[PDB]
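Asks: Assemble the whole structure, with the sequences as input and the hints as a guide.
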Amino acid sequence: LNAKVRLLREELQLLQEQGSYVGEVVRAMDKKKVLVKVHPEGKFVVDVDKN
Amino acid sequence: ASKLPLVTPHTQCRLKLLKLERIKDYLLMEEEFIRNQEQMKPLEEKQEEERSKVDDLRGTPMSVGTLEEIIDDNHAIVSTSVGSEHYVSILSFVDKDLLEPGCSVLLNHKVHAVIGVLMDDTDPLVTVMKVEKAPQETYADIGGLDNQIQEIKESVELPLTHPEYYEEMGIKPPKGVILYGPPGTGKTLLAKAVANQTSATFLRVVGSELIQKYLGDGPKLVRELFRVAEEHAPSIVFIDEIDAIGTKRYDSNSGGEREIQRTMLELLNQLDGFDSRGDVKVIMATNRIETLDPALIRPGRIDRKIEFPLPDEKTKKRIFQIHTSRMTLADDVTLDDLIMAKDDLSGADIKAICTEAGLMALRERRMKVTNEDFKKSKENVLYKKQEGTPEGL
Ligand SMILES: Nc1ncnc2c1ncn2[C@@H]1O[C@H](COP(=O)(O)OP(=O)(O)OP(=O)(O)O)[C@@H](O)[C@H]1O
Ligand SMILES: [Mg+2]
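Residue numbers (PDB author numbering), protein chains in the order written: chain C, 52 to 102; chain B, 46 to 438.
Don't read these hints as lab results, they were simulated from the structure.
Do not rely on the hints blindly, as some may be mistaken.
As the list claims (entries may be wrong) - If you want a taste of the chain C side facing chain B, the calculated C-beta under 7 Å gives, among others:
no.	residue
1	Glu61
2	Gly93
3	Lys94
4	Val96
5	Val97
6	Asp100
All C-beta atoms in this analysis are idealised placements derived from N, C-alpha and C, irrespective of residue type, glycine included.
Replies: As structure tokens, this is what we get:
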């Protein structure tokens, strides 16, 4: 119960963090970069997180 | 690799040995110098961290634009995905030999400077048109052409195989070849054989594919077919069944005839016009050559004109053997009896005879083809004659 309450108390400031775009991967390339189509915008050559 | 242009006599000569020995000596000097300097200090760390500075300069979220115009002063107009266009600076680490209008460039996120170019798909029309290795077969299958094979080789193969012979005499190779003959003699067969035996991008188009349904698309198709023929190094463009697009060009016609004429004019210009044609060789086949345009088959357009005659007496035996090679036969086959008749038989007719004989043997369940089977198949094949007996004779 205490964990539930604590999570619901920090969730207010956890919910103001910016979302993340959802894109479609075209093909991996280069050192560690990727080519992604972020609809409705154009494509990007983005990095990849270490994980 | 951007090496010196020898431009010595260009024929095996002592001057060309000396210029070449000099290049080898200089290259040996460079190799020794680089090896010794690498041993003294790797310089790998120095080579690295320049890439790190470059990656710092080009931010993480590189955007893909579309180059529109180069102002020729390390500046450009680049269009973003939304449609907006920006006047930016082409930075120094981008290989400018790749930049051309319409290319997919990589743009900086904040400053939109050009910081790279992306590779592009490889099928404008190449995958559709190119034939790869001809599935039919190599030169072995073709039987009884011989002289025609030699002419085709002297036209398309020899220039790529031994060009010194031409460069010595100073003559450029003959421009193009047109293969003409009655239906079923081996024009397409020879074209496919040279396609599979050659080392150049071979493109095949049937004239009926140039009769498009929308205005200007036939001309656009020919323009693009020759456009992706200089982009692919040595190439051979084989326009089979030219008779569909080329014709006497009678002015008094209406309908799609005008559009076909315009397509033919565009093809004429591509074959020989204001611009140099680069290194592209053209082959054309036509059952009916008498109806073509003199402008289309004038000497400077098509130099060589090869005639394909119907097999007479021994070419017939050769085709029969070639097409019955992979087929078990009973020891009673009178192939000579089959061919002896002067029935104007064509090679396609022989192939049909063999295939139908095999098919009817299969139908009867037998394990071997018989002479009677071959005779009945030949009779069935020759049943497709038609026409009127007394008429014309
Ligand atoms: N001399 C030959 N040797 C082997 N096969 C032959 C010969 N002549 C014709 N053929 C056979 O004819 C078949 C029909 O294709 P081919 O290339 O011969 O036609 P074509 O002469 O170009 O005819 P068309 O003018 O109608 O286009 C080929 O599959 C080939 O098997
Ligand atoms: Mg043909």
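Asks: Now, for every hint given, state plainly whether the structure supports it.
Replies: A quick look at each hint next to the structure:
no., hint, in the structure
1, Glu61, "29 Å, violated"
2, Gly93, "2 Å, holds"
3, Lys94, "4 Å, holds"
4, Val96, "4 Å, holds"
5, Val97, "6 Å, holds"
6, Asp100, "11 Å, violated"
The earlier numbered hints that this structure contradicts are 1 and 6.
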